[PDB]
Structures are given as C-alpha cells and as structure tokens.
Amino acid sequence: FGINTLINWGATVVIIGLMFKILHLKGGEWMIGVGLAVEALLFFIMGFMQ
Amino acid sequence: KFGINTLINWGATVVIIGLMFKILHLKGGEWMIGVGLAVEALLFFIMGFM
Amino acid sequence: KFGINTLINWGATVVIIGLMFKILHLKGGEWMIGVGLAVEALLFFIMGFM
Amino acid sequence: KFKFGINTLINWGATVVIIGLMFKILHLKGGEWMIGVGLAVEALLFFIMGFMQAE
Amino acid sequence: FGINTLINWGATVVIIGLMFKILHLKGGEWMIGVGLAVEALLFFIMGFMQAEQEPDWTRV
Amino acid sequence: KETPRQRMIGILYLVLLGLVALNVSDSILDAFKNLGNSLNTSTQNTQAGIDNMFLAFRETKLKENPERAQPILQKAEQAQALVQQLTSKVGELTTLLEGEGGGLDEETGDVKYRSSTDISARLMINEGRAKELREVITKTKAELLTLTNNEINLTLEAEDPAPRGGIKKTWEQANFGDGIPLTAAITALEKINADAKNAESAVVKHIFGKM
Amino acid sequence: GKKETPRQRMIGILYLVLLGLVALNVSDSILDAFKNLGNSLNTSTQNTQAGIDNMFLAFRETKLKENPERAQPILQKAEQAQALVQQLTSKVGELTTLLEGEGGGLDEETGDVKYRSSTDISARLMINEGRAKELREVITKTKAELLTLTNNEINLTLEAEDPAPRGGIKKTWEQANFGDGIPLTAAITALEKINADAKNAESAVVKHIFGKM
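Chains as they are written, first to last, in PDB author numbering: chain G, 9 to 58; chain F, 8 to 57; chain E, 8 to 57; chain D, 6 to 60; chain C, 9 to 68; chain B, 5 to 215; chain A, 3 to 215.
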C-alpha cells in the first residue's frame, strides 16, 4: 500500500466526481476538489524521490 | 486474452465515443461518458491493490 | 510491414487534422472532429483485443 | 549519447501547438498561427512514421 | 533533485490549474494557461529525454 | 513500470476529458430556441402596440382634421406595407427552414436536426435565399428612411460584421453560414422579424408624432 | 530510443488531442448571434414597456374618469402587478451589471465585453455563489404572485422550470442557463431573456386586469 495506491485511489475520487458532475448528480463538485487536491499533494510529495 | 487491459481500453473507447456524441450534440453523450468513467474509476480502484 | 503502429500513427494524423479544423473553426471542422474521435475510439477498441 | 529522430521532432511540434493553445487561452496575439502550423506539422510527422518500423 | 522532480511538480501545477478550471474558481481562467505552459515545457523536456540512446545489446 | 510522465498522462487524460465534456453543452441550442420563443412573444407585443397606435390615432385626431391626418395615415399604412413585405419574406423562409427541420422533437422542445450546421447553409447560402433576404432588408430599410429621414432605425440593418482574425465574413455567411446550427438560423429569422417590427413601430410612432 | 507500449503511445496522442479541445470554445459567429439576440430582446422589451405605459395612460385618462369608484381598485391592482415585476426586473438588472463588470470591459472591435466567450464567469458568479438559485426563486415567486393576483389566464412566458430530462440526465434551470459550457454573452442574453419574459408577463397581466372593466 505504497504511495502508488494513493495515486490511484485519489484518481478514483476525481473520476467519480467527474461522473457526478457530467451526469448532473448532487454532490460531485466536492469530490473533484478533494481528489484533485490530494492528487496535487501526492504529486508534489513524489517529487522528493530518487 | 481479455485480461484486465481489455477493460481499460474498452472503457477508453466508451468514454471517447461519449465525448464524440457530446461534441456533436447527439443525445446519449452524457450517459456514455458516465459509464466509461464508472469503468475507469472501478479499474483505478482495483489497480490500487497491486 | 504495416503493423499496429501504423494504425496508431494514421489515426493520430486523422484525429489531429480533425482537431485542427475544430479549434480553428475551418470549413468542415464540426464533423471532422467526429470522424477523428471515432478512429481513436476504434483503435482503443481494437487493441483491447491484444 | 543523444541522437535526435522523428519522435523528438514530434514532441517539439506538440510544444509549439501547446504554446499556441496557451496564447489562445490567454488571449495573446499570435495564437491561432502556432496552433495551425504546429498541428499541421504534427499531423504530417505522424503520417510519416506510418511508413516506418520500430524495433 | 533531478529531472523527475520537474515532471512531478509540473504535474502538481497542471493538476491545480485543472482543479481551478473545473470548479470555476476565481483564478481558473489563466491558471489553465499556466498549466499549459508547464505542459509545453514537459513536452519539450520529454522530447530531449526521449533522444537518449538505450544501451544496444548487439554485443551478445 | 511507467515513468512519472506516463502516470501523469494516464491519470490526467480522464480529468482533461471530463473538463472538455463539461465545457460543451447542448444548452447553447436550448438557449437559441428559448431566445426565439421570447423574441416571438415580444414581437407579438410590439404588433399589438402598433395596432393600439393605429386605433388611437384613428379616433383621436383623425376625426378632427382629416385633411391633415389622411396623408399621415396613408404614410403610416405605406410603412406598414413596406415592412410587411419583409415580414412575409421572413415568414416564407422560416417555414422553409422548419419544414426541412425534420419534424418537431417533443423530448427537446424544437425541431429535430436542430444542430445540423449545414441545412441552413444549404438552403440560404447555396441557393442565395439569404442574399435575397438581405437585399429585401436593405431595400425596406432605405424605403422606410425615405418616409422620415429624421429618426434613425437601429434595428433594420444587414451590415457585415467587423472582420476578426484577418478573415472577413458577409452578413448572410454570419447569420446563416457555416457553423450556424439550424435552430440558430431559425432564431436569426425570428430576430429579423422582430427587428422589422421594431423598425415599423419606430417609424409609425415618428410619423404620428409629426402631428 | 526509449520504448513505449502502444497503449501508452496512443494515450499520449489522445492526451495531446484533449489538451487542444480545452482551447475549444464557441465560434465567433455564435457569440455574435447571442449578442444580436440580446440587442433585439432589449429593443423589443423597450417597446413592450412603452406599450404598458400606453395602457396605463389610456386607462387612467379614459376609463377611470367616468367611474373612478369602480376603477380605482382596478388601477391599484394593476399598479401592484407592476410592482411585483419590478422586483424581478431590478434583480435581473443587478445581475446584468454584475456580469458586465466581471465581463472585462467593452471591447471596441466587437460590440460586447471581452471574455465574452468565457464559459466560467457566469458558471461561478451564478452557480458557485448561488445567485441563479436566488434568481429562480424570485422568478417563481413573482410568477405565483401574478397568478394568484388574477388566476384567469396563463403567464407561460414567465416560468423558470427545468428542461425536460433528455438522454437520461436532469439538467436544472440554473445549470442550463448559466452553468457549464454557457459563454458569458449567452448568460447576459439569458438575463435579457428573463427581463423580456418579465415585461411580457407584466404586459399580459396589466392588459387582462384593465380588460376586467
């Protein structure tokens, strides 16, 4: 369950938020934000690697 | 074969056809993007367990 | 010979021409992005079989 | 240990296209010219590699 | 650091621009352009990095 | 194994596709249809106002000094007929474009094939019906201005749009040309009808205000 | 050089294509059409307002004089109908000036604002900050209060209802009028359309009220 797992699971939240936004469902604008913030943070962290 | 790579390619096919439909203002555009994104999100979740 | 890389590259040139006509609002831009996107979707479908 | 080929030229054509896209989004002056030129060059370079083999 | 650091922090910048664009946040109109500039820079850098000669094993 | 650039691409291509999909909406065509409906209703109101003007003038000062009102009433009726020529022309064009629309779609609210981008360019640019319409618009604007020459009709105008990106467009190529959906073209014809009715109201008001 | 699988190769190609479609925005001719429709709606709305003023002047100068006892309540009701819609008209005016102000200045080359093709100014100034929902509440409230003032006709012009669900999605009125994919000029034209609908409904109500007696 390394850093790669959070790279994928953070993408699952973004894609589900995109699904909700496109299908005009109710609470999808929050999952996009949270998942993309997590994705940006994880990509920032991963820059500190060999 | 029809392994796990078949799903990540047919999901791309479905979501791209949905994008084509939505650009051309055809009817079922949003619904096909939804299903393709559902498949892609479910595959992203699964590949986190690797 | 003409392998699967040839199909990828020619689908790329077709979709890129369609994109160029769509972005710049040229004569037949609207349907060329449809044909270009259908070829990329078809390629994604095709190598789902490999 | 660097050899330039057709792929490097593709990526640089993409760079030109994306600079054009940035100019179009930021409403700078010479935006569509780079979009058109880079996209035509990228399409031509993708067409060329069809007539090629990769090992 | 290295060149992988540039790629990943470019990913961070592009992700933030896309987030501001999708959620229609205040700066999302030009942060997408900043992310596009970063993505052009990574296309350029990857164009260089793709030119590296892999070690040929014809000597076997 | 994949390079960091490939993880970036393989994650962000779906986010980019979501952004593109969100950024294109059918609501443009819904907006065109709703604007057409609102323009039609406001044109009905304007026609009612013109009729009320005619009834008011007919038994407010026509009954007092007909020797002064008969020329004014005749000029107003002439302006009405001049505008009605363009109104009938636009009505013919609207029926033509709706007939080739493809049958009304009840699920959407307007004609099928409302986003064809080629029916309007095939019936108005290829056969030049748009050029004839533009000539009628210009002729009726000029003839309306002849009756007054004092007030300015900032509604009836087939002026070409200012060039953008080096290229230049004509009025017919801008209103019914390439890239214009069929619903946008029907809305443009309804706009031309509304502009004609507004110009008729303005000229009738001015003519009746001369006395 | 470096070897990449065909899967990744055409993900890269499609990624470059999708970057281009981010720069896809509505054609200049369509935005010109929206601006022109807005101008025509504004002029027709001025004609409608002039017609309403003419109805008021004719009623209060012709039919009120002979039976002021029977006409004064009718005119008061008509004025109340004229005041209900001013709440919607003044609400639309403030939103119009808000969208113009965030527009970015009146570009001289065209006749409208810069950033007229934004598709993200009205999507955050009306949905993110919830101004479209307030506007829809006002539209529905004034529709109801105009109906309950007479309830003898249809004001079908003034109705902020969701578009019918087509394709398996349910777009809301706020989202279909100011949301994603709607350029700024389309949104300003939508506000102009709401203003025209309000004036049309007020005209119909006033005409009907004066037609009572």
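Hints in this document: simulated from the structure, not taken from any laboratory.
There's no promise every hint is true.
Here are some, though not all, of the chain D residues that point toward chain A, as calculated from beta-carbon distances under 8 Å [stated by the list, open to error]:
{"no.": "1", "residue": "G10"}
{"no.": "2", "residue": "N12"}
{"no.": "3", "residue": "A19"}
{"no.": "4", "residue": "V22"}
{"no.": "5", "residue": "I23"}
{"no.": "6", "residue": "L26"}
{"no.": "7", "residue": "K29"}
{"no.": "8", "residue": "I30"}
Beta carbons are placed, not taken as given, at the ideal position from N, Cα and C, and that holds for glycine.
Hints and how they fare:
Look at D:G10: its Cβ gets to within about 7 Å of chain A, closer than 8 Å, so that hint holds up. Among the interface hints, the one on D:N12 holds; its C-beta lies about 7 Å from the nearest C-beta in chain A, closer than the 8 Å criterion. The criterion of a C-beta within 8 Å of any C-beta in chain A is met by D:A19, whose closest approach is roughly 5 Å, and the hint holds. Here the hint on D:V22 is kept, as its CB sits about 7 Å from the closest CB of chain A, short of 8 Å.
At its closest, the beta carbon of D:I23 sits 6 Å from a beta carbon of chain A; the interface hint therefore holds under the 8 Å criterion. With 8 Å as the threshold, the beta carbon of D:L26 comes within range of chain A, its nearest partner Cβ sitting at about 4 Å, so the hint holds. Below 8 Å, beta-carbon pairs count as interface contacts, and D:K29 has one with chain A at about 5 Å; its hint therefore holds. Because the closest C-beta pair between D:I30 and chain A is about 6 Å apart, less than 8 Å, the hint holds.
The structure agrees with every numbered hint stated previously.
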